Structure formats: C-alpha cells, structure tokens
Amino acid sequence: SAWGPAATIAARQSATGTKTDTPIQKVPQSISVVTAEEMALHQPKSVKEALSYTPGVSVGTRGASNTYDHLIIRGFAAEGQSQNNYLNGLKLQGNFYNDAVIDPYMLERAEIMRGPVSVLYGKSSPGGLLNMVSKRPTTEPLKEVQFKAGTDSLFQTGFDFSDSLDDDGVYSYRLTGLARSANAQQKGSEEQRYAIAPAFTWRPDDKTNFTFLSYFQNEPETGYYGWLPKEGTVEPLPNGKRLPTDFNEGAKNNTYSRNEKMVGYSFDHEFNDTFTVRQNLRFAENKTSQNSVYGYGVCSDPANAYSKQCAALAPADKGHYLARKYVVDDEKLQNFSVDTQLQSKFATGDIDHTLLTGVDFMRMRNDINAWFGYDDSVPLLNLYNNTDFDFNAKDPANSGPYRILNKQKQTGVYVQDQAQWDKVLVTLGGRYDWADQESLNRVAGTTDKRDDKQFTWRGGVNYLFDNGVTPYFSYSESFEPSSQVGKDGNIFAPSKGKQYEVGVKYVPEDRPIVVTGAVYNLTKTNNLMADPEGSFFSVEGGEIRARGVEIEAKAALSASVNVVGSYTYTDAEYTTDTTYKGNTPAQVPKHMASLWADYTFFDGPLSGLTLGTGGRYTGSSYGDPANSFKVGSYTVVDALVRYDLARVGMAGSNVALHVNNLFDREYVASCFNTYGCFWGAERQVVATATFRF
C-alpha cells in the first residue's frame, strides 16, 4: 500500500512555501502535499479532487463542470476569477477564458499554499496558491499502460514509460500520454482530451540535474460551463418541481475547445556545501474558442429588468421562463517565465543560515477576438418544457464585438533567510516587484496602462520540540494589481493581503503521523466596490476579512489501515463595502470537513485487496453577495475496491472500481448569484486496469 507512507513520510518534504527543500514542520505557513501514490489510489478526475481531503479549499464550487481548476482558498479567488495555479514553481499564467489545466495522470505531486505568498512569487491571490509537479524521468524503468471505462460513456487509454538511455543512467527520458472521451452530466454536452508529456533528464553527476519538461494537450470539446437559476435548483419552480441534474440550458450546437503547448526546463547545480544554483524556465502557448449560449436567470430576476422578451410576459409566466445570452470567443496567449535562484548555506556561531537570493521574470500576452450577446440576443427557454443557434449572424441590435490585446510582465527580486538557532527556526524575507500591464481595446482604439511597484515581506518563527510538536507564528503579505479602470479613466491601484497565523504542526520523526492546526486572520484591502454616488463604474477602498481554524490529520493507524481527513471553520465577511458591509461573500461555507479510510488485506485469501471509503461534507453557503438566499449543506460519499494482481503473477499491475457520490445525492454545489447555480456531480462508477511491464 504505497499511498500509506507517501501521505505520511514522503509528503513531509516540500519546496513551495520556501523555494528551498524544507520539511513541512519547518515552514512557517500552512501547506498540504498530495503525492502521486495518493492520486493513483483515489484516481481524481482533476487536481481539484486530489485536494478534497486538505483544509481551507473549495474544490467543488462549480459542480459537474471540469473546464477549469478554479479553487476558493481561505474565502478568496484570484483577480478576475482566474486560476492562481503553478507548474514546477512557475505560473500557468492565464487571462479571460484562456486558462490552462494539467491532467493528474501527468503529475508527480500537488502542493497547496494557504495565505499570502507574494514574498516568493510576486502578484498572487491573498487566499493562496497551487503548485503542481510534473512526472520526472525515473531511476528504475517503468512500462505502464492503463485503461478506464465508466458511467456517462467514459473511456480512457493511458501510458507512462521511463528509462535510462546509457548504462550509468546519466541520460533518462519519460513519456506519459492519454486519450479520454466522455459525456458530460448535462444532455448533449461531451468531453475530449488528448495529452502527451515528453521529458528528458541529464544527470552527469550526483550534484547536477538538467531536466527538459514539455506538455501538449488538445481538447476538441471541454464540456458544460453553463449557468442555471436558483428557481428550479435550490428552490422549486412555481410548479413545485425542479430542473433535472442533467439539465442543459445551452444550444445544441454549443462548442468549447482548448489547446496547450509548453516547453521548458528545471536546472540545479550544487557547487559545494555553501552554494547551490537553480533555474526554472517555461515557454507556453494556450488557445481557447467557444460558441456558448448560457443562462441569465428567470424573468422575475432583477438581472433581467431591461429585457424586452421578459417584460412582454405575464407576471404568472416570468418565474418559469429563462432568459439566456451568448458568447463567441477566440483567444491565443503566449507566456514565458524564468526564475533564477542562488542558495547560500553558512553559519554565524550558533546560528545556521540558508540564504536564498533570486530574480523572477514573467511575461504574458493574450489576444481576445470575441462577440457578446446582450439582452434579448437569444430566445427564452420555457422551464416547463434542444435546437441550434446562429452564432455567425451577429445582430447589431442586441450583440457586439470584444477585441482586446492584454499584456502583463513582472520582474521580482527577492531575499529569504531560514536561520536556525538550536530548536528556534526564524524565516524572514522580502520581495520587490515591478508589475506592468497594457490593454489595447482594438474597437475603441484606446490603451490602458499601469506600472506597479510593490514590496511584500514575510516573518515567521517555528519552535521545534524533540517529540515532533512544532508551534509556529507568521505575518505574511500579498498584492494583486487591478485590471479595472475607474470613473477618472485610470487603472485602479492594487489590492493587498495581510495575514497573521498561529498554529502547531505535529510531525514526529518516529511515527507515521502528520497532524496540523492553524488559526488565522486574513484581510484583503483595496477591494473594488459599488460607487456610492451611483454609476456603471466601481470605486476602490473596500475590505474583506477571513478568520478561521484549519485542521488536517494523516496517519498510518495499523499496517493495513490508513486515514486522511480535515476540518475547516471559515468566518468571511465584508468589513468595508458600499452595498455588502457585514455580509458573507457567496460560495463560502462556515463549515467544511472530510474523512477517508482504507483497509488493505495482506495475509488470508483476500491478500492484496484494498477497500476504501470516504465522506466529504460542505456546510451551507450564501448564493449571492446580497445574502438574499442560502445554499443547503450536503455530504457526499466515495468508495473504492482495488486488487493487486501480484498473487496472479503480475506484480505492479492492479484493477480497481471507483464510486463517486455513492448514495447519488442531488445537490446544488453552489451559487455565485440568483442566476448562477451549479448542480453537483451525480454518482459516478469507474473501472480502471493499470498494467506494469
């Protein structure tokens, strides 16, 4: 049972919170690690499900949809609801709908950082950061071929091959690939993915490593991404009935594609005991295009106050008729990143030091060629009741273009010291960023520009007791430039994150147990809010606060029993906002929790059989920033049966059956507003056969 010591010992090492390889108890912030072994056991559809058992994340906010890996960490999402996702310590920099995803089959691990981490990464969400690690060429040869078949016509064929080219293993390669096909939960919606990952390592000695990393993915269809009202999902229609969980409000000819290409490397060289150099670089090109009709709530919803079609209807039919809009989109983006680090280890008497000095540079360019449908651009949908829609016939009466060229670039210089005095470890660091943006509206012929200069720092202490108990404290900061323009025609100043945290990490050297506790106060200042003088323009100066308690526990109970689990208390509130002061932001539950357990038989006739089951609980959340309605709580149960084929003379090979949402519960995952609700995932049953040679 490889997942057992992986979740408890291999997962003690991390680099995401410090950019140095530091054990988790020596990191003065909250961090969680999901290994490839845990991902091989659980078989998560995406990286988000891989984090289901870690605290302080909302991995299921969007329900059945699997288009993006959006995460709500400690009550917060990135500026413009973009992902804040990293790959091999470099940002997968996105813009508008052009955001990249990495299939969990291609990953070695995923590490999640909670709270502000600008001190090492530059502009970042106050909530946190996700960093994924690509599968690397292995020492021992690997010859894996995998097959999947499940519910909603799911079909997958994968392969994972690695070996040395020479006898000394100084040249090694890896090649991981997959082809997936399935139907979305929603009728007429399909998903397709073809991904390949070529990798090459050059290891001339035990002190040098140059690894070429590339990723190529093509998705002709990414599936459902629509919106549905609280009327027919959370609440029943006037009828008293609700819409089915497979309900699709789009057009029969809705299409949505994505294409990704990346090349880069990871370099590290150790000169001596004092100095180590690191460099990470990536060039990536991302494309997306969609023709999507989608929902905009019922005609009795204030969002549809200017809709003619809605105004025409009787006040007895408004409550069960659905107003719809549309988006036609075509995007091409190019992204480049280089992070260069010098690591200096030395002592000053009784104090040992690990000094990190680095230069980080990223540039992103995104070219948007879109068309939007406004009020009365698509016919109403009677919710008491699928045909094609003309996307090419763009009517000047109700639709218009959106052609933008977005540019971003950021340079950061940063210093960090991990100074160890006996059992006292002090982490202190600072970063200086020059973040510059430039947006060309090709229709209006106008360019909006803003150059930001920002300083962030982090100061922490960990007291290392010999028994494995490690209390810690930290202050940490983040900044995020705005992309929005005020009444006065200028881009707004950045938003900032300021966090205080106290916690205790229980990481004993002699037991397979990882238990952490953390209490925090995270504040987002210069948040955009409604104009008090009333206009179609926002005003800066707003504030959001999140205070909470987070508990994670991971232990090997017996030789056959493994447990993973978490609990989160999140108290999020608008402390300063024109419209919502005192309210709780939408899609943020007060209470969340999860618990998983697995049993592996090692001696009788059931030798090599793993049985596992886990439950994920989400408390109630608010469905809108006005806090006019609530989304009800839910508990989802997953289960798996896995059998090692070693007893049948095929060691390394296994067959498994996964069941997600075992009791097939019907629930609304969340609502971001009265017109934007998402049905949770219906029961899924999957069979996987993975063979080693």
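Positions refer to the first chain, counted from 1. We call the rigid core whatever largest set of C-alpha positions still superposes within 1.5 Å between the two forms. What changes on going to the form deposited in another entry:
- Annotation for residue 688: C-alpha shift under 2 angstroms between these two forms, rigid core superposed.
- With the core held fixed, residue 10 shows a CA shift of 2 Å or greater between these two forms.
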Contents of the next structure:
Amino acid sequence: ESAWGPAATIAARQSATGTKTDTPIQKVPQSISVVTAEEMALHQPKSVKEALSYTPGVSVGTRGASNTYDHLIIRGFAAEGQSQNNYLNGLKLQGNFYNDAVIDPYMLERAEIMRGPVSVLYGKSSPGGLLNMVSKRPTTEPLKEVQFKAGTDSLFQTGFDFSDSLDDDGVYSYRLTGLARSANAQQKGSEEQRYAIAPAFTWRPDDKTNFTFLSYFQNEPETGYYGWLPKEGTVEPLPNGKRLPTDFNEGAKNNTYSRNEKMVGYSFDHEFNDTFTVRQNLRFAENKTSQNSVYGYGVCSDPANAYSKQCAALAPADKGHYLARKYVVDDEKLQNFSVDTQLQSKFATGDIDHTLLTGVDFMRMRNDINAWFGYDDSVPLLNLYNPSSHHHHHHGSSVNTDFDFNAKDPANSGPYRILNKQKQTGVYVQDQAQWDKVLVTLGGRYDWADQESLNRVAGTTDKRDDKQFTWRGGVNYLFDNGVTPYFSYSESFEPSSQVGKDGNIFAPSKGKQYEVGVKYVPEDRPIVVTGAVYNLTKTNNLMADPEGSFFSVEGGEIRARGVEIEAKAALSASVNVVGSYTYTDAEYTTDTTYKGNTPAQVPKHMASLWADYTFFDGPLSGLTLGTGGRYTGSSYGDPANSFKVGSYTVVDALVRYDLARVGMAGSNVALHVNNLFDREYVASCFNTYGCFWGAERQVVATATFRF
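Moving on from the form deposited in one PDB entry, please list the structure of the form deposited in another entry.
A single chain, with no partners or molecules, comes next.
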C-alpha cells in the first residue's frame, strides 16, 4: 500500500498526510483518518464533505443540505470567516471570501483528514484541522469505467474514469476522470450543476523517477442553495405553532450562484540512491465565482433586525412571523500557485534508523472581489405565516418572486470591493528516528506569511508580514501484538485578516494540543482501530471589545478537549465494518461576551456505525446489503447559546449486485438511500437567523461499468 494510491480494504495502513513521508498509520503520532475510494463508492457522496460522516471529530452539516462548500468543523474549530482549509496533494487550495474551490469525490483516490495542529508541516492553519484529497492517478492495468447516476430531486450524473499506458513498459501512462451531474436542490427553485474533468499523466523514465501531471478543470453554472432561515420556523415553532417546510426557499426567484475552477500542476519523486529521495509538488490554479443572491435575516422580532424599518412597521406582535431579507451580488477571481519541495534522508547511527525530512513550502494567493451587499430593508420582507399544511404534505412551498440586483440603491446598499493578497514560505525539518519498537517522531517548521489587502472603495491598504514557528514531538510504541501506543505534542498558527482599532492587522492566533492514544494495526488482518483523547487550545482569539466599539479585541482563548475513536475492518470477504464515536468539549476560557459557552454548530456527542455484507454463495451471490447510521447530539445554535439545535440520527443503507452474472465482471448496479426514514432535522444554526434544514431522504440509482 502507498500513501498516494489505493488500499485494498477501507483500512489503509499507509498515509503521508501526517509526516510527509509514506508511513504506517500506527507509526504516525497524530490522529489521522483515511476514507478510501472504496468507502466512497459505497455511499456515492455528493461531496468530499458528505464522504465524511463516519469520521470522528468532524461535522458536515454546518450548512445542512447545502453543498456549495466543503466547509468542515474539525475538533470544534474551523478557518476564520467561513473559509475552508482544504488541501489537494500536500498543497493547500487557498481561497478567500466566497472564493473556495471543491474537488468532486469521483476524481479522488482517497480523502484524508488530520485532526489537531498541522502547521508543523503546512504552515498557517486553523487549530486542529486539515483535509487533504488525493487526485486519482494512472492505474497499473487499464481502467475503462462509465458510471450512470439517477436519483430523487431529478439527479442525473454521467461520468467516466479511464487509465492506460502508451508503451508496454509503462514509462508513459495516464488517466482521465470526468462527470456531468445535474439536479434540483432540496430548496424549491434552486439548482445544482457541475461539469468536471481531471487529466493526469505519469512519466516513469525507469523505477526511481516519477512525474505525475495532475490537472482538474471544473465548471458550475448553478451551485444550489446557500441561504439562512430563522430559528423561528425551523428549530422553534413559528407563532402559529407551524414550522417552515424542509424544502422552503427564502431567496429571490432569480437567485444565481456560479464557480469556475482551472488548475494544472504535478507531483514528482525521484530516488537517487539508498539514502536520498527528492519530491516536489506543484500546482497553479485560477478560480472564479459570481452570484446574485437574496439570503435571509431572522424574523422581524429578531434582535438583528432591530433597526429594520419595514420590520418596525408591523403590529408589535406581528414581527415574530415576518422575515427580513438582505442580498448580495458577488463576482470574484483568484490565482493560487503553490510548490512544496522536500528531501528525505534515510540513514542510521548505531541502531537508530533515520528518516529525516527537510523542505521548503511556498505559495501565494491573490483574490479580486467586486460585490454589492443589501443591508436593512434592502429587500421586501416575507410573510412566513403562509407555509402551513398545504405547503408541507399536499405539496411544497412556492418560489417567491424575482428581485432587482441591477438597481443597487444607495439607501439599502453599497459596494464592496477588495483585493486580498496572500503569500507564505516556510521551511521545516522532521526526523522519523526508529530505534527498534520505539518509533519517535520529531520536527518543526518556520513560516513567513505576509498578507496585503487593498480596499477599492475606501482606498486603503492594510498589510502584515507574519513570521511564525511551529514544532511537533511524539512517540509511538510498536508492539508486535498489533497495538501501537502513542502520544504527542503539536502546535499551529493562523493569521488574522482583521484590523484593530489601532488600524492594524491583529497578530495571529495559535494552537497548542496535547494528545495520547492507541493504534491497533495488526499485520495479519485488514482491520484498523484507533482511539485517542486530546486537549486542544486556541490562543489570542478575537473577542468583543471590553468597551464595546465595533472593533474586536484580541486576547480571547478557547479550549477543546475530547475523545475520538474510529474503526474500519474487513471482518470477512463478505463482512465490512466502519464506526466511530466522538466526544467533543469546546469552551471559551476567556472572552468579553461568551465564556464557558459552547461554540455554535459543534455537538458534544457524535457517533457513526456502518457495515455491509456481500453474498458469495446462496442464490444471492454478488449481492451486498449494507446500512449504517450517523448521530449528532444537541448543539448550541448561536454564540450566546440562546437556544439549542436538537440532536438527530439518520440512517443509510445500500444494495449492490455484481453484474458479472450477465457477462460483465467488475461491473455492478447499486441503490443508495440516505436519511432512510426521510427524517426532518435542523443540521444546525450558527446564529438565531441562520439555521439549516438537514438533508431530506435521498435515493440514488447507480450503474457503473468496467470494460
């Protein structure tokens, strides 16, 4: 098994997303989880996001049924300003504002998640939390795949995945994965559309040199729903005891969302001799996104709309059933070039076997935004009272009306025009000194992250050149009985793009995490079990000014302590299992307002279990029947902890039938169902005016062929 390739069972022993060097997960001192291409081709995820529900320590409903972004909340933490923190092949997909990219799961070989500080090898990063996707690469043997989807909400995807070699020796091979997927969103009137193709090509001038060219070109005319809904009408009943339907849409009829992605790069390794191997990863990309959208702000009786005129023009006891709305027109575009180069030194010194890593990582990102935002009374209120029982059962709600957008009035709105620039360069060193049954990993990294933002309208330019250092130390006790005890100390760091009252960019926040755990990785069977418990802390977090002045004051702190366990196995050539449990206790240690409060959108309890079975005998030969469930506990739906979003449990199940029995081995047809008991839940709220209906039971019929 190769960190950059498949894994046989959904139990991957080898991963590189932790030490930058291909290593057994047991020998890795930090919490790593790996979702196989197999595990994915089991649920037919819509996004890398969804592909992560049986993964401890990760929420994915931080936006309910919406998939515009693979924004995740790992260990109760996430990037500042709702941006992602997603990596693709050891290089970060740095985005900014509504400009974050996503890669389709069907072009991925595996999706990996590293919990805890990751700055030691990657640079600036949100405390505890990284996602790294592995592009699919050329296969050893030919691959002729054609896949056909068809599911609820008029979902229809048609894609392929091919790979072969030009010569007979394989010095020249490639791969071309691509798909066309279209469907209707959960919310009425909203649509989803994606067109993606991934060209790959690997030159192996021998058996010590490897150069894979990895490109991904994606285009999405319409990205789907991305609006907010009041706790009033979702989590809590509306005045008239009725709630808004799960498919209710509060945005304009002419609401539009689009994103375009284009990236070319390569991964390359070369082994010179017995002690030195060099590898370099590089990617350039330019991505754009534009949108015309009317989102929602709470009900008129919601504090936020305190200064809304249209709101304060309704009978004082009529405000709790009317919705305030705002809008935004955006159109951005950014380029992101990245390169990582590293030298691996394999040598010893009297029984101390060494694996020393030394490397420089560099990147720059430039984003140009030209948006427009609607403020109070910027768009006609909505009488939410209407959605009743005729909108629930006997049909669903109806698409509201168009909206202007073009006629940007100076009263209700104004312009937003910024140009954020980003640049980071870092050097790191790490040694995987294995001294017999005592693998001890250690290393650190220095960083030069400089930023610069130009506000067009305001004609300003704030900029800050941060320089930080991070290191991580840990040990793993290799027991021959499979068990591998371990513990480690790690650090992270993340700059602020925010400006203080002193007209200056706040100094970055930090991350310190203490973690210990056990990794069961028996060499005989294909089963992996990991358990771990940690104490993660975020420093210098921004908090409300003690004097209250529109400007926030740094100094706040937050702690995240918890326990995580996950398990994936191959209990039989017919039985396969995956499950996990997550205990997450996140708290404000220091903060002007909130303190001791739990951050919204992060539940204390989370657990998931899923198992499949394939019959290789009875008249049900070539038949897999699988099912599972994901549980998310109650969570606070706003910083003040005003209310709570109620816990829920959704069931998943599937059935596949190996089409071999019709002269088509390797092929098959499958049926996947999510939220089997078409449950109704509220994924979460990030505030009183921002709640998201969970995904309403979905069913997909997939046929995938292998020539």
